[PDB]
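Enquirer: Spelled out from the first residue to the last, the chains are:
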Amino acid sequence: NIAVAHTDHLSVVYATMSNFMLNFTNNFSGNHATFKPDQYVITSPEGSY
Amino acid sequence: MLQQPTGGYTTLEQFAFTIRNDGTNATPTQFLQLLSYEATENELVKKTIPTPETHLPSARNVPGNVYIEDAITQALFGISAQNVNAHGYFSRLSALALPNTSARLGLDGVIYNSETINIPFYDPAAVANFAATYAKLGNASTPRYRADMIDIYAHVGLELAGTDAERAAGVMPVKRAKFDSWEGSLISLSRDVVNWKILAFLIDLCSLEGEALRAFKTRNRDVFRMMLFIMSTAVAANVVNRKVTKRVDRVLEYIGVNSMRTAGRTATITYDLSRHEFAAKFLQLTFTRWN
Amino acid sequence: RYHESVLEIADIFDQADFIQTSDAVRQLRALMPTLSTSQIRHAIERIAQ
Numbered sequence: 693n694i695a696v697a698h699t700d701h702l703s704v705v706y707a708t709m710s711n712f713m714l715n716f717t718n719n720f721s722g723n724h725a726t727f728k729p730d731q732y733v734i735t736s737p738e739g740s741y
Numbered sequence: 001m002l003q004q005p006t007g008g009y010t011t012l013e014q015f016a017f018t019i020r021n022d023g024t025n026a027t028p029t030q031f032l033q034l035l036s037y038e039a040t041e042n043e044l045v046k047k048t049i050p051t052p053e054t055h056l057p058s059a060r061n062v063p064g065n066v067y068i069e070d071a072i073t074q075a076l077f078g079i080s081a082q083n084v085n086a087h088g089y090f091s092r093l094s095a096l097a098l099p100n101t102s103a104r105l106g107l108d109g110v111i112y113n114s115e116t117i118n119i120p121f122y123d124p125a126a127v128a129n130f131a132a133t134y135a136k137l138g139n140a141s142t143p144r145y146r147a148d149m150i151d152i153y154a155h156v157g158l159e160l161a162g163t164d165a166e167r168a169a170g171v172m173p174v175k176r177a178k179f180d181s182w183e184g185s186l187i188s189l190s191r192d193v194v195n196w197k198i199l200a201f202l203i204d205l206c207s208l209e210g211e212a213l214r215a216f217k218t219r220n221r222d223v224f225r226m227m228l229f230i231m232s233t234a235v236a237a238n239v240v241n242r243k244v245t246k247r248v249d250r251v252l253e254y255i256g257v258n259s260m261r262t263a264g265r266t267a268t269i270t271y272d273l274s275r276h277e278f279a280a281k282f283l284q285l286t287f288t289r290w291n
Numbered sequence: 940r941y942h943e944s945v946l947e948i949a950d951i952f953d954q955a956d957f958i959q960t961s962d963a964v965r966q967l968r969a970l971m972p973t974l975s976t977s978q979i980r981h982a983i984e985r986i987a988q
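Chains C, D and B, in that order, are what the protein sequence lines are.
Per the deposited numbering: the first sequence = residues 693 to 741.
Per the deposited numbering: the second sequence = residues 1 to 291.
Per the deposited numbering: the third sequence = residues 940 to 988.
Fair warning: there could be bad hints in the mix.
Restraint-style ranges between C-beta atoms, simulated for each label pair [what the hints assert, rightly or not]: (1) D:123 x C:705: 42 to 48 angstroms; (2) C:716 x D:51: 30 to 36 angstroms; (3) D:81 x C:721: 46 to 52 angstroms; (4) B:978 x C:716: 26 to 32 angstroms; (5) B:987 x C:709: 23 to 29 angstroms; (6) D:51 x C:729: 35 to 41 angstroms; (7) C:723 x D:265: 56 to 62 angstroms; (8) C:735 x D:163: 52 to 58 angstroms; (9) C:728 x D:98: 57 to 63 angstroms; (10) C:716 x D:2: 43 to 49 angstroms; (11) D:110 x C:716: 44 to 50 angstroms; (12) C:716 x D:11: 35 to 41 angstroms; (13) C:705 x B:962: 51 to 57 angstroms.
Selected chain D positions facing chain C (Cβ under 7 angstroms, derived; list incomplete) [unchecked claim]: (14) 110; (15) 114; (16) 116.
Because the hints were derived from the structure by calculation, they are not lab data.
Backbone N, C-alpha and C fix where the C-beta goes; we use that ideal spot for every residue, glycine too.
One chain only, chain C, in its complex shape:
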């Protein structure tokens, strides 16, 4: 009694919000068997981390 109003009006909500200005990093999880963050780091050759 929910799924219709859950996989239509609410589904087109994420479908658009997935591509905004300030949303960038991939948080995808369609394969729990293999997925990692792949984080970056700000490092200088002159001792900084």
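Knowing the structure of chain C, use the given hints to seat chains D and B on it.
Expert: Just chains D and B, lined up with the frame of chain C:
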């Protein structure tokens, strides 16, 4: 960025292992002459040493940088009471074991993530073999991995107190070793041998080849018989000191036989349960490399 | 080189009094605005009073 000419970092005056006693500073060789011993009739026979397990622990991701060297000594010869240490950042070592890594191991005893400005470090090629053997020290308290804290000690006593006439047969009579002392004694050698730069030694063992390994083992079979003596009084059953007229002797109960708790209490250095597993994992790992 | 669509239970069975089958009802059913469970519920409701 020091390099070794196959003489090794131990063929250098940069860092040398010297005990202080006698009102002046002396080399280990001069000290050991004072250790005189007899026999008490319980045969301490040399067993075999089982090979270590190849699996290397993973250096769980860690930002910043830990003083890998610190802990190696702060556990073995650590004097001040050391609490449980079975846990810790003790395996960042393995992050040097792989071929192309950027992480470097400086002098003094640190492990940098990225080589930084103005810091002298060992040669990136010969620190690799040191890791593929000692990073294995990470799993020292994992059940089904820990070494055995009994039999190795038989190996230890045949080293610092075994006249060659005995080792060539593999069997020797349990000894009771007493040298002449001063005030603090046993505790003073600990506060002393701690700051020694142990890494400057261990690196040489896994690199230097037969030409400069037979010659290396001959000049350093004494720096080993020094950090092996202190490590032994942390096991012995008694430390009672005999008295002459004006002289004092530090009779040590049973070197080479391992009990479970220190004779020192207050008089000498002390181990803990978490450290008994650790000393067995070190002593086992190092002997195969040495012997 | 495959086109994916949807099938029918109105197709792969058509028993005697089990599943409703007839071109008079087949043509009739192909007109409504894609019913949910709530659309069809208010249907068996307006037909009451």
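Enquirer: Do the beta carbons of residue 705 (chain C) and residue 962 (chain B) sit within 51 to 57 angstroms of each other?
Expert: Since the Cβ atoms of residue 705 (chain C) and residue 962 (chain B) sit about 40 angstroms apart, the hinted range of 51 to 57 angstroms is violated.
Enquirer: Hint says 57 to 63 angstroms; check whether the CB-CB distance for residue 728 (chain C) and residue 98 (chain D) agrees.
Expert: For residue 98 (chain D) against residue 728 (chain C), whose Cβ atoms are near 18 angstroms apart, the range 57 to 63 angstroms is violated.
Enquirer: Is 46 to 52 angstroms a correct range for the gap between the Cβ atoms of residue 81 (chain D) and residue 721 (chain C)?
Expert: holds, 48 angstroms
Enquirer: Measuring from beta carbon to beta carbon, are residue 978 (chain B) and residue 716 (chain C) in 26 to 32 angstroms?
Expert: The hint (26 to 32 angstroms, Cβ to Cβ) is violated, given that residue 978 (chain B) and residue 716 (chain C) are roughly 39 angstroms apart.
Enquirer: Should the hint that residue 716 (chain C) and residue 51 (chain D) are 30 to 36 angstroms apart at their CB atoms be regarded as holding?
Expert: Since the Cβ atoms of residue 716 (chain C) and residue 51 (chain D) sit about 51 angstroms apart, the hinted range of 30 to 36 angstroms is violated.
Enquirer: Using the beta carbons of residue 987 (chain B) and residue 709 (chain C), state whether their distance is inside 23 to 29 angstroms or not.
Expert: Check failed, 41 angstroms falls outside 23 to 29 angstroms.
Enquirer: Measuring from beta carbon to beta carbon, are residue 716 (chain C) and residue 2 (chain D) in 43 to 49 angstroms?
Expert: holds, 45 angstroms
Enquirer: In this structure, is the beta-carbon distance linking residue 723 (chain C) and residue 265 (chain D) contained in 56 to 62 angstroms?
Expert: Roughly 59 angstroms apart at Cβ, these two residues keep to the hinted range, so it holds.
Enquirer: Double-check residue 116 (chain D) for me: the hint is only fine if its C-beta lies closer than 7 angstroms to a C-beta in chain C.
Expert: holds, 4 angstroms
Enquirer: So the hint says 35 to 41 angstroms: do the beta-carbon atoms of residue 716 (chain C) and residue 11 (chain D) match that?
Expert: violated, 55 angstroms
Enquirer: Using the Cβ atoms, figure out if residue 123 (chain D) sits within 42 to 48 angstroms of residue 705 (chain C).
Expert: Violated: the Cβ-Cβ distance is about 59 angstroms, outside 42 to 48 angstroms.
Enquirer: Range first: 52 to 58 angstroms. Now tell me if the beta carbons of residue 735 (chain C) and residue 163 (chain D) are that far apart.
Expert: About 56 angstroms separates the Cβ atoms of residue 735 (chain C) and residue 163 (chain D), which means 52 to 58 angstroms holds.
Against the hints set out earlier in the document, violations occur for numbers 1, 2, 4, 5, 9, 11, 12, 13, 14.
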